[PDB]
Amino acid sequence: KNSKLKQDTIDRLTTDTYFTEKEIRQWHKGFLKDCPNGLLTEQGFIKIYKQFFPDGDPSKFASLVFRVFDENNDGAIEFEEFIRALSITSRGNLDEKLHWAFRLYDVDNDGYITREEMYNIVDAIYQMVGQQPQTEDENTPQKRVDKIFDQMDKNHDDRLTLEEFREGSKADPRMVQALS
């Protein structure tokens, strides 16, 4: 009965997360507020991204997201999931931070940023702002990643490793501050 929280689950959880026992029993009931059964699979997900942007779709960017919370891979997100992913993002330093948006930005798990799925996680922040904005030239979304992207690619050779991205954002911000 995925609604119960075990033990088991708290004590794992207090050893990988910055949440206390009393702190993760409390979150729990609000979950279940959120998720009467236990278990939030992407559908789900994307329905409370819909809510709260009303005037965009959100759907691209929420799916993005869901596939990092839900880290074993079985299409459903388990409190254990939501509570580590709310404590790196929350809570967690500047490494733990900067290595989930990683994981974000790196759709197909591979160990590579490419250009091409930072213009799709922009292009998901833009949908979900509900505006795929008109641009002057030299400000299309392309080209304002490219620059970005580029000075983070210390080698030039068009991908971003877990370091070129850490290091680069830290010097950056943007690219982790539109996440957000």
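Residue numbers count along the first chain shown, from 1. Note that the rigid core is defined as the largest set of C-alphas that superpose within 1.5 Å between two forms. First, how it differs from the form deposited in another entry.
- Relative to the superposed rigid core, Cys35 undergoes a CA displacement of at least 2 Å between these two forms.
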The other form holds:
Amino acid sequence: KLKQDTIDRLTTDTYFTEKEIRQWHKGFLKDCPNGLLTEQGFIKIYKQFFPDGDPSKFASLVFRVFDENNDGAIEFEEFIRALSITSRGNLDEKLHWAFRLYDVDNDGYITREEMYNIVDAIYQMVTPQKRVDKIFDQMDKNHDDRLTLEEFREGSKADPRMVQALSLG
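For comparison with the form deposited in one PDB entry, produce the structure of the form deposited in another entry.
Below: the lone chain, stripped of partners and molecules.
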């Protein structure tokens, strides 16, 4: 069930009110009786808004960011925290979240491949490499074929295309 200390934490750490959090919890438990949102279920959530294409790979990429302790489950607290950031975060928070989405192997850098990875995922859910390379080449200042968080942040606050594609701009 929903412990008071979970509520206390979430009402302090997120942009949701206690009432909203309780409303989300009833819905969360209805869909996930064990309190655990799995990758399978997360995909079916996306399949519900993108029946046209195949949002499997995009949803999987989003899943690993939601799942912050990497145990293969999104518990309710992980769910609310990620939802808070992506729907109500300030520009810096949404950028940082965006960065973690692109940084697939979580090494703190975005490579071209990883940027290809996401754009492909977006495509399957809904020349392309050339436009990406162009934007990546523009963001990569010291020309090392990596994008640090700072390179990605400043690049997006000048060319927000890579970020808006994630509906976070």
